[PDB]
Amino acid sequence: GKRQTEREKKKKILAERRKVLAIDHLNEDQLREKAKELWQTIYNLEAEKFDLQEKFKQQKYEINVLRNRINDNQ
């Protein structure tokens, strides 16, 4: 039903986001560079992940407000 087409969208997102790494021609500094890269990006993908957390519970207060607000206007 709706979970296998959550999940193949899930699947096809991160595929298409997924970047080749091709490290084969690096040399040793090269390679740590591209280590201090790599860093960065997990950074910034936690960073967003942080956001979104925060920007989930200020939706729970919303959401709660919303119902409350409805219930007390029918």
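Take the two forms, find the largest set of C-alpha atoms that superpose within 1.5 Å, and that set is the rigid core. Positions refer to the first chain, counted from 1. What changes on going to the form deposited in another entry:
Taking the rigid core as fixed, one finds a CA shift for residue 13 of 2 Å or more between these two forms.
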Second form
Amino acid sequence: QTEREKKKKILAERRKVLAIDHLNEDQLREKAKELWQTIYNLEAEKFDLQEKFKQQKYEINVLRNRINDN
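Moving on from the form deposited in one PDB entry, kindly provide the form deposited in another entry as a structure.
So it's only the chain below, everything else dropped.
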């Protein structure tokens, strides 16, 4: 790996180590919960963004006709 890539890898591992490693088995479980939730919420914004994307596709399409037929 390029020195630039190992550095990306390491610093990414270091983020894991800085956030997780000092926790005990109890703070650990709570961290897992926190991360889980964050994912869930991010995953929820994604689904709303996906649904809106489809609607915009139809709106863009209707605007296509409207511009055709004129």
